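In this view, the complex is presented without one of its protein chains, the others remaining in place.
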Amino acid sequence: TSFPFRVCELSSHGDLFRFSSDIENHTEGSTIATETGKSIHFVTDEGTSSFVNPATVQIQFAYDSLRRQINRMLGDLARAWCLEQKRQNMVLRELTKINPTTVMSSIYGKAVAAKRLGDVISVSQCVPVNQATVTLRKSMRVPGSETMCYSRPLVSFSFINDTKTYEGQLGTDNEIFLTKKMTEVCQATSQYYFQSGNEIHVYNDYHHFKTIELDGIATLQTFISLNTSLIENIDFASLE
Amino acid sequence: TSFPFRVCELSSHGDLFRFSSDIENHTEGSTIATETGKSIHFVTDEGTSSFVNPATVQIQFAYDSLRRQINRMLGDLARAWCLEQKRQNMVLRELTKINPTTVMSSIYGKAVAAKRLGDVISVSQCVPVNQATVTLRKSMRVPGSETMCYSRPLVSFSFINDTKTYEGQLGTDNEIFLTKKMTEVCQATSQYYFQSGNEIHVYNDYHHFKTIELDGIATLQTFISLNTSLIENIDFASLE
Amino acid sequence: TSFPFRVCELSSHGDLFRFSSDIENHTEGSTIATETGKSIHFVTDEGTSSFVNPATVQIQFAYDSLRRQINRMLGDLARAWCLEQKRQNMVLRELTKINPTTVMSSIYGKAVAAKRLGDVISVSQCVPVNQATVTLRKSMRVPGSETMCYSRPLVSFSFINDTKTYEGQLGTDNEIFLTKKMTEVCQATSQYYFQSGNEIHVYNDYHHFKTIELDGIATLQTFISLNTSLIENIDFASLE
Amino acid sequence: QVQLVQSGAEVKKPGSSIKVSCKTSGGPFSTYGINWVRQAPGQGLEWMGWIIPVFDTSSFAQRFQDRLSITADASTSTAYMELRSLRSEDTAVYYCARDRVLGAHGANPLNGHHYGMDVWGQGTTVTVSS
Amino acid sequence: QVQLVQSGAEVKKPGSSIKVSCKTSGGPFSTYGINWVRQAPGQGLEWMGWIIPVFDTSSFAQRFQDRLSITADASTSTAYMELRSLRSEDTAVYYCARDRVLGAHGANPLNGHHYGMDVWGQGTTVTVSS
Amino acid sequence: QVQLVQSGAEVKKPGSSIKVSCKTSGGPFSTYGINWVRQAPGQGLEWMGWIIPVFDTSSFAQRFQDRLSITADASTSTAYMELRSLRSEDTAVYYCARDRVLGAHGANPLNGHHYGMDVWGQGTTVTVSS
Amino acid sequence: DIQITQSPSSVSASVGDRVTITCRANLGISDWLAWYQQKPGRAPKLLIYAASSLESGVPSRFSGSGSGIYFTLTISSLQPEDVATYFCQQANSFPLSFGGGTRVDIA
Amino acid sequence: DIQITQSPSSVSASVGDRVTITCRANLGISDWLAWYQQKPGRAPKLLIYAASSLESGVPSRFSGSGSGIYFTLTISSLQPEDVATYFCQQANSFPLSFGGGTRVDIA
Partner (left out) sequence: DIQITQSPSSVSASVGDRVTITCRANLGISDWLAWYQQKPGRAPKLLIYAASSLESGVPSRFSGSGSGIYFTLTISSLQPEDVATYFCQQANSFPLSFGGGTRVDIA
């Protein structure tokens, strides 16, 4: 899928990228003349008619008047869409400092590893691992340490054409980390739900308890519906 | 209101939620035939007429041609609105890691307590406290410690039906914390403005100085106006 | 330009600002009567005609029907634009806590220094420095310390009418810091790309290697194109 | 000021059952929770059990998980504890301590036991001897 | 290089008033601020006061808040300090020190005193004796 | 289990050239990288060089940057290291160690040498004497 | 069942000297440890309701600190009325337990 | 060329006692140091592949820690089979180098 099980800490070559820092002829004649390539449109508000069957000029005016208002809205909408994106660009740049890989994976619509070298972002590709081999461990306790226990679950996996089985630690977005150095002080009554593939593995007291499908846990409805109402298809009736 | 004075650290039951990870028949006949449920619309560009008073076909074409362009725009606008929300979903998920309660209170349009258990969010409800009883303390300095002083102001309040008066520390969004463990090293010439209800309590040198209304301090104009221009109501005049 | 070389830690007076916390007559007669200031519009769906050349009522209906659907879209679009901005307001407020100057410089579309005093933001102005004098240093290693080396490059500059040359440390957005206290432990094979004005100064092993123009490094395409398709200008042909 | 008045001292023969009462006065008895703590002579405090009158939810220590029954009477605003099969080791000063923070907001249970016990009862010395 | 030349040594009878001058050469005088620091014999440095000529804003130490008047003459690029009601304890080497960072950008005051004083004057030994 | 079988002990006269072999069995020889480490008698381990068979990329230590040639034969799944101009100091037990993490995913080089060497070979005792 | 252990069984200090009591736990109490003070033939009195928050009506000299496994109770100045037994109580989850009281005395 | 130095040339401890081995570097290895254990006439065996990540098949008593300049290897309990030479290897960038082995011996 978009985010397969992968190791994103082996890539040796990253592509360097940078966030961008920097992101009609009407003459009165109340008649107004608008120049078109093959014609000139004369619009009269009092006339309620546009000049390139008396309705022809009215029908032209109807389309032309709606054309102007809609194209003016599309300009105001565009102007604000840009001022919005210029902000979301600053937000993404700030977010990359907090976490680069997740933000860059979003901007690429594909799992990519990202590291920040000075003011540029080095984007590299991850090493995909066999989905079938990936398997989480029931114990989340660090061996030989009761006080310390892995914050995230350990995963046993293998590379595409490699027989050897590696042991790593599951991260976010199905990203396995070869270094199992993610750990936390053991907490009483600690329950954690970790997503691995299409399953959420529930761990109680740093011990696996149950594996539920993603639908088991409700989804936050962040999406803001625009409720776009498409223009209906009206069949005008002939009258007299 | 949306965010009343409340304690959001007592809830024992949180609902578990997860951010979503994964978020026409035209035949040429330059005549083009579009199938409608009760009819077939034939659109001719050279003809400038659409076939379901010579104007009837022109009037149909006018509405139909605007219908196609506006609906194509509403599709392009929708496509981008979605790609935008998929990003704002990643931003909200990243923000929840930095601070879960504020982001989840925004996504619910209502004050809710939120804790992150692994990759899921446990959303619970806060314990509302009597608005009248809530009262801030003038002194913001930890007793018995000159070097250490409360970073945020202490608040004296009481529960809905409880006579007992509790002592807590004011947080953000009118959220009182029973544990007054928020504190900082005392700073020279330190002036802090803290919002409690509909008032901003100015504190100078960790001592309350003045209580001003919210309008006293200017409001940042983050809102990006779309300047939506609604279609004007033109009364077409009858001509000949 | 928008962000000239500047020192934003000298301002003694900041303006205090706060994020906002809180951000038709149709009568059936299937005829529906809509009241206009100079007239009343009667819309018949079955009639396919609107009453304020048989086309006049049809042409009125065409504009009126598109006027209603488009204005209902502009209302749904607006409603969602607002719910979106109310979220982006929370995001900006959270971002200001992480970094105030960058977020406030974005909200002002101009370089401004910002400090968070309690729940209000003190916005001040920076001290511009001569662009010509600004010059980066090749060495990025703390003198007398092999283990410690400046995380960001040091800059030699001078004030507008001040002959004296100051020594500071380049920050983000062409902001020079008089205090060169930004430093990190020296790392092997460390390559950093730092933007100063219209150039990206590459540093290898804490030693300046090359100065490339901004176009040298690819720009991340965060902008989400709306592909706004402006209404085309159709010249209706007269038929009979 | 919330005051919790406990019952008086009662010498009980071994194998008998003692019921120590604790009356709450000056605050909402049902909403808050009362914890029963037992301090044996020359011994440290030992939590015995806790109950919340509104939800009649009683949690007991493993040692007395079988012989201890903590009840609560909203009408008398009194919480009671019954230790059965009394043995010499049961001799101690039983204490009724009310939690500092509210334990219930309506039908919603709250974690008010995380802030400890502010109001303690005078205590009841149960001597188990024949 | 900004050089600040102070006035010469002046033995003053007790109760007299001394006016030590400090000429700035090689840099803007009004924009920056000069601090007057006093070091009594065998004593540590003691800040007396500071003035910024562009705004004529003079801040004094409490000890001399009443008998100290620090002025600045832009025309002579000279800053002056006047100590009135001189007493034996006033005997010391007065020092004029210019702040390291600019204190004023146009009509906007800046916090240049946060970075200390880089250029110091030679000093003036005022001996208060009769 | 990936097993690396090295060549046998070979006493070489000074100035001769020795080429120790290391056969990989039980894993992808080309993808992973083999490091050649030399331990002189009573001395600490000394990295000699490393090669990746798929990209035939061989990195050597400065000391042997001129007289050391590490090669790899995919057909025999064998990596061979040759030391020329042998001198008494070259006497040591040469070790072939395979990197723990994959070093190449297709035509993309990986940093698998950051996780150390897991599989080592028996070791070839090369004695340089006449 | 979380197990809490007080580091000092008994502490003796001069009037004015500071006294630190440590309360460790096998698991994480997450800032839910309470400090109490009990005097011979008296009911225990809550001094620090949370790990660090001081209860009202308690001399400021009594301060608390710590989180998770490690917790500490510090008296800035030992005074004649500080001579008592101090018990730390885990409040994270039932069964709630009290640590062995530390006997503070005047040296 | 990054230069790594092991703080203890040799360490003698009783059975059950903890043993700490330090490996410092002139530059930053960024958590790319590996700890190896070598016994007389045997090939070195990797113990901690990363700065702290213990390799499989290695007794939990062996533990690693440290980042960049400082690094550390700790043996919770010295046991008869812990008597060997421990070498720290920089894996950040070629030329890779091994620090002088620390001789752990029964005291």
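All chains are identified by letter, namely A, B, C, D, E, F, G and H, in their written order; residue positions are counted from 1 within each chain.
Throughout what follows, a residue touches a chain if its C-beta (ideal position, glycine included) is under 8 Å from a C-beta of that chain, and two chains touch if they have at least 3 such contacts.
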Which listed residue, E:18, E:37 or E:86, touches the chain dropped from view? E:37
Among E:16, E:69, E:122 or E:127, which one is in touch with the chain left out? E:122
When the complex is taken as a whole, what residues of chain E touch the one chain not shown? 35, 37, 39, 44-47, 50, 59-62, 95, 97, 100, 113-118, 120-123
Need a quick check: the contact residues on chain C for the chain that isn't drawn. 143-145, 167, 178-181
Residue ranges of chain B at the interface with the undisplayed chain: 146-147, 185-190
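As a working rule, only the chains that are shown with their structure count from here on.
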So the centre of each chain is just the mean of its C-alpha atoms; given that, what is the distance between chain E and chain H in Å? 62
What is the distance in Å between the mean C-alpha positions of chain D and chain F? 74
Round to the nearest whole Å and give the separation of the Cα centres of chain E and chain G. 56
Where does chain D touch two or more other chains at once, residue-wise? 115
Specify, in ascending order, the residues of chain C that touch 2 or more different other chains. 53-56, 58-59, 62-63, 65-67, 70, 73-74, 77, 80-81, 84, 87-88, 91-92, 98, 224, 226, 228, 231, 234-236, 239-240
